[PDB]
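K.L.:
The residues making up each chain are set out below.
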Amino acid sequence: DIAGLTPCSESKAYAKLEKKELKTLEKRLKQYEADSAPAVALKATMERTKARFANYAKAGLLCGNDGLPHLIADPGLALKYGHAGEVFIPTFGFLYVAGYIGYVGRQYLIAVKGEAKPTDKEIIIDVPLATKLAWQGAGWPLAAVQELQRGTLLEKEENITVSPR
Amino acid sequence: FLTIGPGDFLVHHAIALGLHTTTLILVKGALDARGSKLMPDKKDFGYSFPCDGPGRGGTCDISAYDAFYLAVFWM
Amino acid sequence: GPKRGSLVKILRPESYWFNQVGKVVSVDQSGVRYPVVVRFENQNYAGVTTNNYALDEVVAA
Amino acid sequence: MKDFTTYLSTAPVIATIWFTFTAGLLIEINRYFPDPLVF
Amino acid sequence: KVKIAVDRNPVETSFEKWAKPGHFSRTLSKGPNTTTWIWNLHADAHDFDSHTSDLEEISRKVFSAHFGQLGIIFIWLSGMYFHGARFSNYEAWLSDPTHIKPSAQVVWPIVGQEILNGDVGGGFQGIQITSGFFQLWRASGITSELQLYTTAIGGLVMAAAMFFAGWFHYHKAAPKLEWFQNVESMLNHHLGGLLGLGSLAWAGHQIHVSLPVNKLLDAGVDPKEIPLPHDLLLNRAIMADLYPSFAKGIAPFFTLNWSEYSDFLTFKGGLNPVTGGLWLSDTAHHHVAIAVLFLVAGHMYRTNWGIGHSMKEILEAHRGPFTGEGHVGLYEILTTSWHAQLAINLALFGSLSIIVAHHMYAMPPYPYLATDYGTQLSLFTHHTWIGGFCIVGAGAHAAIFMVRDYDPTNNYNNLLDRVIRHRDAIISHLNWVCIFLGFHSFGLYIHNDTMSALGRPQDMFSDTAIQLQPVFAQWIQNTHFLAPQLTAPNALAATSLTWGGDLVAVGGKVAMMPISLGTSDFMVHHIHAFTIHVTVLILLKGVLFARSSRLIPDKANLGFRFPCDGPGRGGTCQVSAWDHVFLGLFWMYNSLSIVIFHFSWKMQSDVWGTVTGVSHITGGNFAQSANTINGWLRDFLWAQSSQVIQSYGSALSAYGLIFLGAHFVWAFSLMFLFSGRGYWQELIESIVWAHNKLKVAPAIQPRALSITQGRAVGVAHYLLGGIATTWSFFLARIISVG
Amino acid sequence: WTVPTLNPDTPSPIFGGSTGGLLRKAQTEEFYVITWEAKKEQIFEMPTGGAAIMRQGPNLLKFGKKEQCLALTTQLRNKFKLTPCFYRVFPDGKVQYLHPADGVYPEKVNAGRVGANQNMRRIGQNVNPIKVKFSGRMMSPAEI
Amino acid sequence: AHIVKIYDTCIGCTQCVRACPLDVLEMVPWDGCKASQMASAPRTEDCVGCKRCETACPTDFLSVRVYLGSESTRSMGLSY
Amino acid sequence: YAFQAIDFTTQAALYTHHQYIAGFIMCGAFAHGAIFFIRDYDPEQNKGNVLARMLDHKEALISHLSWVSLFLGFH
Ligand code: CLA
Ligand code: CLA
Ligand code: CLA
Ligand code: CLA
Ligand code: CLA
Ligand code: CLA
Ligand SMILES: CC1=C(/C=C/C(C)=C/C=C/C(C)=C/C=C/C=C(C)/C=C/C=C(C)/C=C/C2=C(C)CCCC2(C)C)C(C)(C)CCC1
Ligand code: SF4
Ligand code: SF4
Ligand code: SF4
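Chains as they are written, first to last, in the entry's author numbering: chain A, 63 to 227; chain B, 510 to 584; chain C, 36 to 96; chain D, 1 to 39; chain E, 12 to 623, 626 to 751; chain F, 53 to 196; chain G, 2 to 81; chain H, 359 to 433.
To be clear, the hints were calculated from the coordinates, so they are not data collected in a lab. In this text, a Cβ means the ideal position worked out from N, Cα and C, and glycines have one as well. Fair warning: there could be bad hints in the mix.
Claimed, not checked - Okay, derived cross-link-like pairs now, SDA-like style, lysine to any residue, Cα gap no bigger than 25 Å in a straight line:
(1) E:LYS14 to E:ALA76
(2) F:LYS160 to G:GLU46
(3) E:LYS41 to C:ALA81
(4) A:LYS82 to D:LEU37
(5) G:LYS35 to G:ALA57
(6) A:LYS120 to E:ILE111
(7) F:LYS160 to G:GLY33
(8) E:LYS183 to E:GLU27
(9) E:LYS28 to A:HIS132
(10) F:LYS160 to B:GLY564
(11) E:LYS706 to H:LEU419
Unchecked claim - Interface residues of chain G toward chain C, partial, derived using beta-carbon atoms under 8 Å:
(12) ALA2
(13) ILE4
(14) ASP9
(15) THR10
(16) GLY13
(17) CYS14
(18) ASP32
(19) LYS35
(20) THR60
(21) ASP61
(22) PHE62
Said to hold, decoys possible - Quick list of simulated restraints, FRET-style, between CB atoms:
(23) H:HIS422 to E:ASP55: 36 to 44 Å
(24) E:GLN124 to A:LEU191: 34 to 42 Å
(25) A:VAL189 to E:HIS182: 25 to 33 Å
Could you put the whole structure together from the sequences, leaning on the hints where they help?
P.N.:
What follows is the structure, encoded as structure tokens:
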């Protein structure tokens, strides 16, 4: 398919690796009882192994010569061959939660600078104000692009600068 | 034009890490050589001076020579 | 220059609080070279929060 | 009790409680959704 | 007049000061302005001398602190017993000690970490533990998980009692200074009651519980079938069935016919051959003797009656012509300065831990311990490290005394003064002897490396070329082995197999055999002497020049912990005694790493192994390979690192992960050790600018770490990295080849 | 105030003798001699290590470098409220008085002192190092 | 000898003088500040360059500056 | 060269030899650039040009180098 990679459900080293992990787990399994808790834990392990290999073969991942899933990081090639779930949807999910954390921290900083003890509200966290901003932070991309377009996202050149500049 | 794979991906990323980081120390040493906010008159001591003493919280390896020195390790 | 308690902006370039805002304590009326006493709510690397400045190093902003 | 809540509002206690919540949330998600790599 | 003295209700129990960080320090109670404050808050949290000048308040603080420590340790012991009862294979191990691996930790089945639960035997899965608790519990006579559970509850109750005792003796009834200064009474009570009654009550438990249960366990009867300990106390007929002495009761004790107690108070020596541990009858006699000795020792100092010695009088009585006033003033020093006491107690406590390591490897006191090679390596290594750290601490607090508490107008022409007054001679001689030791010890290795590389093995220092035999140690060994025949007539065997003699094996494994000392042993012992002498040089120089030197004449006014006195006079970085502790820490790591490497390789090469002759774990390569650095590099590190580097995909994979992680942390320390805070402060300036541009600059100002904190972080990550590396190497190696 | 003279026949403090005293610098180059007058007999701390008893009256010690005499001066001045003065002595026998060189201690203003090494400008008003290239030596821009 | 300079931002707080371990600095009459005092460095031949004066100076930036220069036996702090 | 790339030790030695030479020479380039800033740079001769404007946005430069170094290192 992409880059000479076969799909994992078509790959043979993928099936060999699945069979090898089952072989190691059953060689460890064959030295216990039946209803014993080590045997129960190893059968749960084998169930999770089979479920994991079936889910990775179901998700349409691409395997190499080693039988291991390879990820495709190109928006157009991923959206063309059905691989947006591995890099593209995770990167927009990450950027949503990372801007969430950063915007809630920025709103807490701006809220606590407007008092007579900003360092005291930085050492001892104002929990109601922090939870208020943490719930209100869900509209952070809209609020961020609005603060961008008003010219209030950015401080002017009243910043601290060195002698050189 | 050797065949490349995910190991080659990870190592070229580590290479970019090393290049950007060494460039960070060297560019910081070049541009903070005239002076910084910790030491505004760094040009008056020259290129390779030891320090400016334990005052102002202590200033160890503050010189541009010392920034070079820290960047030879990253090289 | 500026009166007591008013806010100024520091333009001495090698100051720690250059391009930032402090508060005037007093202005000495002798022939002293740096009469404007300004306090800053943050400390420098020496842990000092107060410095003398000149008339052309402070701007009432 | 007010002073005990101020002590619980101090920084390392809130870092401990919040990282316990975040780590437990990720642990719970990795238990009920075992081994996620995609989507 | 020795009496109880206490102030009523000094400090109110309130949550107010919990809500005010840094309340204890007048400087730090102002609040935070830069980030440095936080670090200061944690660094000076327990430096009670910098809080108050009042010795009474300081003494009370340290007393309740000690109670807190004891409560924490009791929580820890409670945890170990509870995990040994609920999450272990202890009973199965009791039923088959030679083929079941001790395990008392299990992991949950999430994110694949379940693989760490390996096949330890007994129908159990977990991580093999190497603390030696199973052998301790079998030696104590514990047979069921229920007894361990009850011990866990007991230890938790005792932890609650210790934390109540802390709160009580700080907030409700806090002892006075003249209570704390009753050192004669304190020595009497600790030598009698603690050591004396401790070993007496333990000998009681041994004689009454340990001996019969372990005698039956060595006889072979099933643990569940063995009578419970309370039945042994209740029905003395069973005790008379195993040891007929108990039939006569306590009549031979009071009538002084003690010879009839020879059934359980013995002097056999050696090891129990079916069990590989010291005879519990020998251990019982030993604890009875120790008990009587310490109870005699605890009645030496005068308290509320005329009889008894006086510490100041014994000190002031020993004066000679060479030393002048002699030990005058030392009583005053050791009853007013906590740091001096802490220095002495740390030195002897560390040394004692190292002696514990050696005597416990050499004379295995617990059953099925000597053949649990992982437990032996772990215990020796652990207690050696603890020892070394406490010695460095001793040097640290000695220097802290020298700077803060030393006052020469009560200390004028004294032992301490003369030491201070000829410190240049002391340090110069120590300097020379360190260089001498370094040259000849390390130079033999470099010489051997060169000769071996040049194809001239006949010119090396080895057992077949130019021999350097440890004649003195061999003579002491031979004397020790021949001692039972002449100089200790009542001894059936030597105190340890390593002196010479036969061979005790358990389950096909070698418990202990005679250790032979040759040229390689000569060379490593002189390496040890060298490294120890250098560590002593650094620490002793630190304490002798803590106050002044020709470079810094007024160093005392700068404190114990300070970065320097500026780049002038050529440069004065690391002139403080704290910095001498910092370097001594690195040198202590060096020394003890070579010590534990010596132990590991020597045991695996010349002692341990299976009995068919004995096939050793590394075939006996020590005597020929341990003379070159290339030999240590190839036959020890490279060869034995196989197990750790190929531990992936098994239960030992965590040791590979911690191998890599420890290498990483060690390397991560080098950034702090090799760099300086000026660069980092300027970098932080640029980053602060970036945060200012986006209105996210914090009100607490980001500062680079202090010079001394950079050094502290450096040495801490350095030690953690290196020590954890050797930990993972050792454990993976000895568990896979054990 | 006039410049005092060194009396070499001044009794020394009671001291058993350290290994941290003088060296060949005292015989070849220079050594310094510190002199004070005490009010009572009292134990102090020697800057080279150890304890010593000062006498009641004139005292006399001799040190290698200058910072040792400053350290003993600071100790005797802040702890005992004494007024010492220490000199510079050469193997020729040349005796150079100093501290207090004016007779009044330098931590307070005295009329008659000439100000030396005073740049009458800010530190930010110094020139760039390009303006002081190719003089007879290495120069800093603050030298001019 | 080390180059020690005094700048006109001095407020005559005497902190540098009481911080120098060598008696190099002293206070002179002046009119530029309210204290009517200025520091001065007439004995820089005995200066070792420890920079205690610079640590003690309160002004921002420094009014006393130590430029490490050519070394002698006095500036290296040698007792031998 | 003829029968290079069949001498594998020659291949590895020459590659590693010119790569370490290149790294030292790049560090020296940035070192002598910092020496240029301290000794030779006249600001009045360069009032407004590209070399002065680099000193004007040096904080943005070091900030974005710090960002790319931290990003590549973490990931
Ligand atoms: C980070 C840099 C980067 C690089 C090196 C690539 C590389 C590639 N892109 Mg991708 N792409 C990227 C980021 C990048 N992309 C981003 C951020 C987006 C969202 C704006 C896209 C959206 C996208 C689409 C819709 C498509 C590609 C395609 C491609 C492949 C061929 C095009 C090419 O050679 O242009 C060099 C790349 C750049 C100069 C970077 C800018 C990318 C622009 C914005 C889009 C280029 C699309 C191109 C005009 C379509 C060519 C069609 C092709 C059949 C000839 C090539 C592997 C095409 C493909 O699927 O090939 C099989 C394709 O259809 N890309
Ligand atoms: C013979 C009685 C006796 C005993 C057994 C002890 C035992 C101890 N004291 Mg000592 N002490 C005593 C008398 C005694 N003391 C007297 C008379 C004085 C005044 C001169 C002191 C003054 C003193 C100070 C200042 C300190 C100690 C400390 C200690 C502990 C050292 C830690 C350790 O390694 O123990 C191993 C641990 C154990 C054996 C745990 C068992 C401990 C329990 C409480 C039994 C000990 C008996 C105890 C005295 C009874 C208290 C009853 C109470 C309800 C009134 C140890 C528990 C140090 C300490 O740690 O404080 C907490 C400490 O700082 N003691
Ligand atoms: C130090 C710890 C220790 C303890 C606790 C014991 C305890 C015991 N040993 Mg001993 N033993 C020890 C060390 C110890 N031993 C050592 C070191 C040796 C070697 C010399 C021996 C050698 C030895 C032999 C050979 C024998 C014992 C025996 C005994 C048992 C009876 C002894 C006796 O009659 O005491 C005297 C009685 C007392 C001390 C009475 C206790 C006081 C009572 C409880 C006070 C109650 C007062 C209160 C108000 C009333 C309760 C009211 C309440 C209900 C409300 C007893 C369990 C005998 C035995 O039974 O073997 C199985 C026995 O034959 N031991
Ligand atoms: C390989 C690593 C290494 C080596 C070789 C050294 C060597 C030394 N350290 Mg150092 N140290 C080290 C790491 C090392 N250190 C590190 C990493 C730290 C940071 C924590 C320190 C911090 C430190 C402290 C705090 C101290 C030392 C001291 C010493 C000296 C000990 C005196 C001695 O044994 O002389 C014998 C010489 C040797 C053992 C070196 C090898 C000599 C070879 C075998 C023979 C030389 C002959 C040669 C081949 C001929 C060359 C001819 C050629 C030029 C033509 C010794 C020179 C101590 C000191 O100087 O006090 C005495 C001291 O106090 N070091
Ligand atoms: C550092 C410790 C050390 C020691 C003890 C030795 C010892 C030796 N080397 Mg080796 N060597 C070393 C380090 C050492 N080496 C190192 C680091 C290297 C690498 C550079 C070498 C490389 C090397 C080579 C290539 C060779 C040797 C050889 C030898 C042997 C002959 C040397 C000789 O003839 O010198 C002459 C002897 C002296 C100069 C004696 C001077 C020292 C005296 C005895 C001190 C006495 C002090 C006294 C007690 C003070 C009393 C005072 C009182 C009177 C007042 C000898 C066994 C040779 C050999 O083949 O050996 C078999 C040889 O070919 N070595
Ligand atoms: C393995 C060793 C090691 C590592 C990992 C680093 C990492 C770093 N160096 Mg350093 N450095 C090192 C050795 C190392 N250095 C040595 C030997 C020297 C010679 C003195 C230097 C000298 C040096 C200079 C001059 C500079 C750096 C800089 C950096 C940072 C560059 C940006 C980056 O990639 O960060 C990525 C972040 C990491 C690699 C850190 C990992 C983060 C951990 C995994 C997160 C926490 C994990 C876990 C929760 C921890 C729990 C533990 C608990 C007890 C708290 C980075 C943190 C630059 C810098 O600081 O720029 C901002 C910089 O200018 N270094
Ligand atoms: C891809 C390709 C191409 C293109 C290419 C290019 C365009 C390239 C470029 C490249 C580049 C573009 C590079 C660059 C580099 C740079 C560097 C390497 C730099 C360095 C720098 C420095 C080192 C600096 C220094 C200094 C300082 C710091 C100060 C001032 C002075 C001075 C300047 C000296 C072609 C089409 C042909 C072909 C196809 C492929
Ligand atoms: S320690 Fe750091 S600061 Fe103090 S002198 Fe040495 S280098 Fe300069
Ligand atoms: S220089 Fe700085 S320190 Fe010395 S006097 Fe003038 S102000 Fe006070
Ligand atoms: S550096 Fe040392 S000597 Fe020179 S002035 Fe500052 S303090 Fe006095």
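K.L.:
All hints are to be evaluated individually against the structure, with a verdict given for each.
P.N.:
Results of checking the hints against the structure:
no.	hint	result
1	E:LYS14 to E:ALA76	23 Å, holds
2	F:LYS160 to G:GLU46	22 Å, holds
3	E:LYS41 to C:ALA81	17 Å, holds
4	A:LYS82 to D:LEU37	21 Å, holds
5	G:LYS35 to G:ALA57	19 Å, holds
6	A:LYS120 to E:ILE111	43 Å, violated
7	F:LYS160 to G:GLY33	17 Å, holds
8	E:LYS183 to E:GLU27	17 Å, holds
9	E:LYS28 to A:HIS132	56 Å, violated
10	F:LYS160 to B:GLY564	24 Å, holds
11	E:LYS706 to H:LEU419	13 Å, holds
12	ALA2	26 Å, violated
13	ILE4	19 Å, violated
14	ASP9	6 Å, holds
15	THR10	6 Å, holds
16	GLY13	11 Å, violated
17	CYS14	11 Å, violated
18	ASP32	7 Å, holds
19	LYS35	6 Å, holds
20	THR60	7 Å, holds
21	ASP61	5 Å, holds
22	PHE62	5 Å, holds
23	H:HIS422 to E:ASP55: 36 to 44 Å	38 Å, holds
24	E:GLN124 to A:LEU191: 34 to 42 Å	39 Å, holds
25	A:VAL189 to E:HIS182: 25 to 33 Å	29 Å, holds
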